[PDB]
Amino acid sequence: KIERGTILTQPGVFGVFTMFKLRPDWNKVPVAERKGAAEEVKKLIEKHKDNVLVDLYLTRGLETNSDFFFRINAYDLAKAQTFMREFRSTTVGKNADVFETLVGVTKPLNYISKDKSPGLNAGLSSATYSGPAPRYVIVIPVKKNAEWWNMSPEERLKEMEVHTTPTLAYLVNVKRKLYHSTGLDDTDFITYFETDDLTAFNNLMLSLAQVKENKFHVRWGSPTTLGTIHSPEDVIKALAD
Amino acid sequence: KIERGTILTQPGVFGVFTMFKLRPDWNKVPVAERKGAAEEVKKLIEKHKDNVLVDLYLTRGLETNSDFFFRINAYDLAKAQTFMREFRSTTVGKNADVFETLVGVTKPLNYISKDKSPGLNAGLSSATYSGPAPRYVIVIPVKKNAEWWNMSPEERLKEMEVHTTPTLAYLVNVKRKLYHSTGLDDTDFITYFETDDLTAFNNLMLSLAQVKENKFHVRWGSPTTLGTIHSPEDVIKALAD
Amino acid sequence: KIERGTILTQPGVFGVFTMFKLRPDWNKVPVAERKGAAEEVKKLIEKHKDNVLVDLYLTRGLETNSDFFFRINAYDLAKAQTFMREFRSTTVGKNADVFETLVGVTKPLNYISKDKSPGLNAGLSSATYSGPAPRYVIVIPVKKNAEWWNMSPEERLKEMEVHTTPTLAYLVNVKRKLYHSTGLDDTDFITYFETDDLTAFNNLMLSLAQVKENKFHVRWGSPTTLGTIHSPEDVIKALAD
Amino acid sequence: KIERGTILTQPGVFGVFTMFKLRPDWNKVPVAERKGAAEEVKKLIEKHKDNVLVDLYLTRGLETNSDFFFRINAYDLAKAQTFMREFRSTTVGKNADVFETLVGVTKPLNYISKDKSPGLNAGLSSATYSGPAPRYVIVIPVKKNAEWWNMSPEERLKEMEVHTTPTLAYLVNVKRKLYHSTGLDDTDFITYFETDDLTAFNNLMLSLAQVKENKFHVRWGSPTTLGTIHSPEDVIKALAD
Amino acid sequence: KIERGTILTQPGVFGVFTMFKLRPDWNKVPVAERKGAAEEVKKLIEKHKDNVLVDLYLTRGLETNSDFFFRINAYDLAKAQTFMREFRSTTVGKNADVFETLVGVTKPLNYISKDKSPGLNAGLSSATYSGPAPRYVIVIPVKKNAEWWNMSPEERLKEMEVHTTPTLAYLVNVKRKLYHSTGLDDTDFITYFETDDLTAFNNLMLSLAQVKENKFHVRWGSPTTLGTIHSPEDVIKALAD
Ligand code: HEM
Ligand code: HEM
Ligand code: HEM
Ligand code: HEM
Ligand code: HEM
Ligand SMILES: O=N[O-]
Ligand SMILES: O=N[O-]
Ligand SMILES: O=N[O-]
Ligand SMILES: O=N[O-]
Ligand SMILES: O=N[O-]
Ligand SMILES: [Ca+2]
Ligand SMILES: [Ca+2]
Ligand SMILES: [Ca+2]
Ligand SMILES: [Ca+2]
Ligand SMILES: [Ca+2]
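Chains as they are written, first to last, in the entry's author numbering: chain E, 8 to 248; chain A, 8 to 248; chain D, 8 to 248; chain C, 8 to 248; chain B, 8 to 248.
So that you can see chain E by itself, here it is in the shape it has in the complex:
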């Protein structure tokens, strides 16, 4: 068992994000096989119901380098691998190349904890999304330089309390998840957002752009991937025609 509620909430969980882009020779796959494609993916996800949690998102028309992308959660990285491997054997899998992959792992809080920063940590854990279900997904890999990592845990804590201050407000607006990747893939972190209000999301990024921590970023995007939230079959249903 892998309950969506729990797995998204616990440490030690692997995320594997994989951006795929359909090849042109998918248009020539017979309108028939293509329309059977969504069901095949749906079935695959059920098969791996107990090994990994699957999310699928539609970026076609909004992104140069992906038509759609998966988020995979697993307690076992090898299991994430197995699912993705089987996905690429599927009809759609066979007609799309991979354009990006980010591997990450969930960890406990490093800075804004009950021990280290009790005040902000309360604001954090007792904050709650309000309003329309989010339609938009944003995924943003982040890497910081040696200079940041060479700061004292005390100095980086103060920087991260600065990060947390103007941003708590946006938790009514925007959902967030943080994955950790240093040494696992070419990025320090993989950040995941769901929102309905992009203008708000824009203001949120500017907020964080304007603080000292931004000064240490060497990757903060590239790609910034913003696509649209749907059920797995519905994403494949949209790629069909």
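Hints are supplied without guarantee of correctness; some may be wrong.
A pair holds if it fits inside one copy or across any two, identical chains being indistinguishable in the list.
[To be verified] No more than 16 Å apart at the CA atoms, straight line, and that leaves these computed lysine to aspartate or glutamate pairs for EDC-like:
| no. | residue 1 | residue 2 |
| --- | --- | --- |
| 1 | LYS49 | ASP62 |
| 2 | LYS28 | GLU107 |
| 3 | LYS86 | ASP204 |
| 4 | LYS244 | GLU46 |
| 5 | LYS150 | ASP193 |
| 6 | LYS114 | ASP204 |
| 7 | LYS114 | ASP57 |
| 8 | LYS219 | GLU154 |
| 9 | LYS56 | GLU240 |
| 10 | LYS86 | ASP122 |
| 11 | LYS244 | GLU93 |
| 12 | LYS222 | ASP241 |
| 13 | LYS222 | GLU154 |
Rather than coming from a laboratory, the hints here were simulated on the basis of the structure.
Since the structure of chain E is already known, use the hints to place chains A, D, C and B with the ligands on it.
Then chains A, D, C and B with the ligands, alone, in the frame of chain E:
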């Protein structure tokens, strides 16, 4: 309901720039199929009359990584997506690859407003383009560094008052629009120009290269895209033979 | 009416260089349709007698990302577009991809002009190429940084006077034309050289690598394109077997 | 003769890491020939029993730019070349492109030797991996700037003494191997790791991110390759379906 | 008349290195035509006995972006071009893509001459390559920043005296050639080496990395190409099976 003159004037409007490149195997779609590509597009635009505003520019012969590009404006990014997704299902859509996409959103004035900078804002608002209808479009994404963003509002406004001083004069020549992207795509801004005088346009950028604000650009083109303005069908008619 | 001696001499003249690479399936065009491809380019050039000036250079064998490139000069960028657009409809045109395009425009002298720098300006106009018909062309795109442009025109003039002092002597040896690109493409300038002496030309760059101006280059080649000068019909003829 | 236990333990051994990516026309190799592909690699590996040591890793589903990768060890680079060259003629070989290659060579200890740092060396040599056979491999190419190389051996020793201090403890968890590359390929080192505990691997990197040495990396990944450990024929069997 | 001993030794000699990578559809050229492709290259090289000097190296299995590469020496770049151009029409030629090209020219000594640095000129010119016919080739493009070029000749001399010192001991071990490129291509230098001791070569490069001059490299590799020495026909025979 979407009137051209309204949506290009209002805040909260999503811009979706998408630069397309036709594959070779388009010169092998028969002349006849190719020539009816233009009506297909024309009919897609009328179909989305009320969802999006569509602009289409010829870049073939002027740009390495596009033959053409769209500008879509929308009150709903999701509707920009759908239109784009449906354009890529079009005869022309099926024989072209995407090579760049820029997402952005219109905002109110940040710096040169009636409150913050009355003198220049007057100058800006009360100035109107003169002479021959623009033949050329230019689209330039811009990203400023963490250092720019960590300067105070007062420091940043001074720098934008500098940007605006030498440029106001060029509004008799050049038309402009400013989209905002931080956190939504890999760029801070997407700028849009229409002019008939490219020599002017050159003198305009040099005016800007020459000031302090240019010191914080980490992206200021790449790609700088200059193409030629036509009606949507006229762009596809041109791409056909 | 467009006369080579006049258009290459006047300000406000648009330059469009475009580097093409032949696709593997060009060897599969029956040889002779290939050889008669040259007549087709010849006819296109005469057809546009009145619209653009055309040059064609062979780079196959000397460059990674081109077999050949055009130089177009026009009074109307639009007409250069049409020309190129019509070349890509050509038989050769249908078997080559574009790998680079540089757009620029001719301007009056900025620094080394009769008023500003009387002595060098005289040396410049009254200097005259000797020795053999140049065999080689070099095209170098150049971009300078915000720091250069943020120097006052006095400081930059001094620097351009420094550029011009060791270089006048190379005018017997080497032929130059300077196009201007800021805001029109992803470079500050396009530089164009014809020489027969490649050792001399290397000595020329090093002279210029060793002055303060070089400190401000963020692009100075990339690609440095050195190819071989011929008539248009001869370059296609060469590309044929 | 080449024995695993020895060649992995000695200086002067050439490492050749090659990352391959299967092309889409491999799913069109007949299920028959594809299933026969594994035994063919298995026999190729036996045929070179006495020439090179072969490792083969599975990255499909965890990596954009590879599906599988080899680690060859040889006393003779030529021989590692011949094996690879012969692998590429294999059924799988003829269906994959190379996306990365790293050539390195083993050397005696430069810093934490018995002579120079006896304290840490005792800890490094008498430390022993515990618990589960490693399911994951990580390969990281690392290159340090001119600044690092221009520090004195005393200063660089101090910094490697700093590298070793937090890391020795991960030797119960993580297996390491260091190859050297300056002058031979585009990196200063190739590091190789095997571990079962990716969370522990992440913390190990963060340990090292946080010390002064990290300040001199110009390459530390790019790519970071993390795949999954199996027998040569199993990797291929997994690529087949 | 071109003798290998003279042309490799004289100033004013053009070097053209060209890295090819074989396209997958070469494996589908009839085995027969592939075996015949070697004699073809051999006859073409005879054909240009007197136009160029040709060397050809095997990189398949050791390099991502080449299977083979040519070194052409000519007294006339245009003849190098014809040669390469005729090679690309050859059977193998028609099945490979160009992945790198470097054009360079041989010059007299700039620093460690008899006039300017007598002592070291002696060292250099007196010790001679001993040791086994070299199995390995290395080719490294090198480009130095504007800071370097702006140092006085006296300062750069002092730097190159420090380069030369540690290298003197590898005179028995490693063969070198230096071409100059500034202004002719996108590098300052192309360096060429033949050796049988890769460990030694690694130690030589580390010695050079550790001197001040390494501080001014902006390109010193990328690619670093290391491959294997054979007769041209043997190289193409190597690519056949
Ligand atoms: C607006 C709502 C947000 C809140 C309440 C928030 C809160 C936090 C907190 C409390 C931490 C520290 C957690 C820990 O170390 O255990 C953190 C870390 C982080 N956040 Fe956010 N954040 C928000 C939005 C964002 C955005 C828009 C980004 C940009 C992608 C972002 C990027 C990051 C990154 C990269 C880290 C890890 C920094 C490090 O490695 O030390 N967050 N965030
Ligand atoms: C001559 C015509 C131009 C005029 C009158 C003009 C005016 C302005 C004004 C008044 C602003 C401030 C808007 C605000 O904060 O609300 C602005 C912002 C901006 N402009 Fe222009 N501009 C012109 C040409 C250009 C050009 C050629 C570029 C180059 C792409 C450019 C790029 C930008 C960017 C990137 C911003 C936003 C800066 C920021 O985020 O703080 N503008 N412009
Ligand atoms: C040896 C023959 C050369 C001569 C006589 C020469 C002369 C000049 C002169 C007089 C100017 C100023 C023109 C003006 O501002 O209106 C100029 C500008 C320039 N030259 Fe050359 N030059 C020569 C070679 C080169 C070479 C080898 C390069 C390298 C690409 C080069 C690159 C440039 C660039 C980029 C500019 C414009 C600088 C700016 O934008 O302010 N020139 N040259
Ligand atoms: C936790 C287990 C590790 C231990 C016990 C360890 C230990 C060492 C030691 C003792 C040396 C000096 C060897 C010598 O000079 O002869 C060394 C060098 C090196 N290590 Fe590690 N290391 C570990 C993990 C890592 C990791 C995670 C990396 C990151 C890729 C790494 C990268 C390197 C590199 C690039 C060098 C060469 C430094 C140089 O060129 O001077 N090591 N390591
Ligand atoms: C190991 C045997 C080597 C010897 C005996 C040697 C010797 C020299 C000498 C004497 C010069 C000055 C030539 C002149 O100014 O005319 C020179 C220049 C140069 N060497 Fe080597 N070198 C060796 C190895 C290397 C290596 C491994 C590299 C790196 C690939 C290298 C790269 C260069 C470069 C880029 C220059 C040009 C310096 C400049 O442009 O000012 N050399 N070398
Ligand atoms: O720190 N929000 O991923
Ligand atoms: O600031 N003109 O987009
Ligand atoms: O300044 N010669 O382009
Ligand atoms: O020092 N571990 O490669
Ligand atoms: O400095 N030897 O190319
Ligand atoms: Ca990776
Ligand atoms: Ca994006
Ligand atoms: Ca452009
Ligand atoms: Ca290499
Ligand atoms: Ca070149």
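Evaluated hints:
1. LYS49 to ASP62: within (11 Å within a copy, 36 Å between copies)
2. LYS28 to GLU107: both (9 Å within a copy, 14 Å between copies)
3. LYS86 to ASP204: Intra 34 Å, inter 14 Å, cutoff 16 Å: inter-copy only.
4. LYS244 to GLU46: within (9 Å within a copy, 26 Å between copies)
5. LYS150 to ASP193: both (8 Å within a copy, 15 Å between copies)
6. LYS114 to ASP204: between (28 Å within a copy, 13 Å between copies)
7. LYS114 to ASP57: neither (22 Å within a copy, 45 Å between copies)
8. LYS219 to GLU154: So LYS219 and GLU154 pass the 16 Å test inside a copy (12 Å) and across (9 Å) alike.
9. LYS56 to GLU240: within (15 Å within a copy, 29 Å between copies)
10. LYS86 to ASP122: Intra 34 Å, inter 45 Å, cutoff 16 Å: neither.
11. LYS244 to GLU93: Between copies only: 13 Å across chains, 19 Å inside a chain, cut-off 16 Å.
12. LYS222 to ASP241: The answer is neither: 40 Å in one copy and 46 Å across copies each exceed 16 Å.
13. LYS222 to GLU154: both (10 Å within a copy, 7 Å between copies)
Going through the hint list in order, the structure does not satisfy hints 7, 10 and 12.
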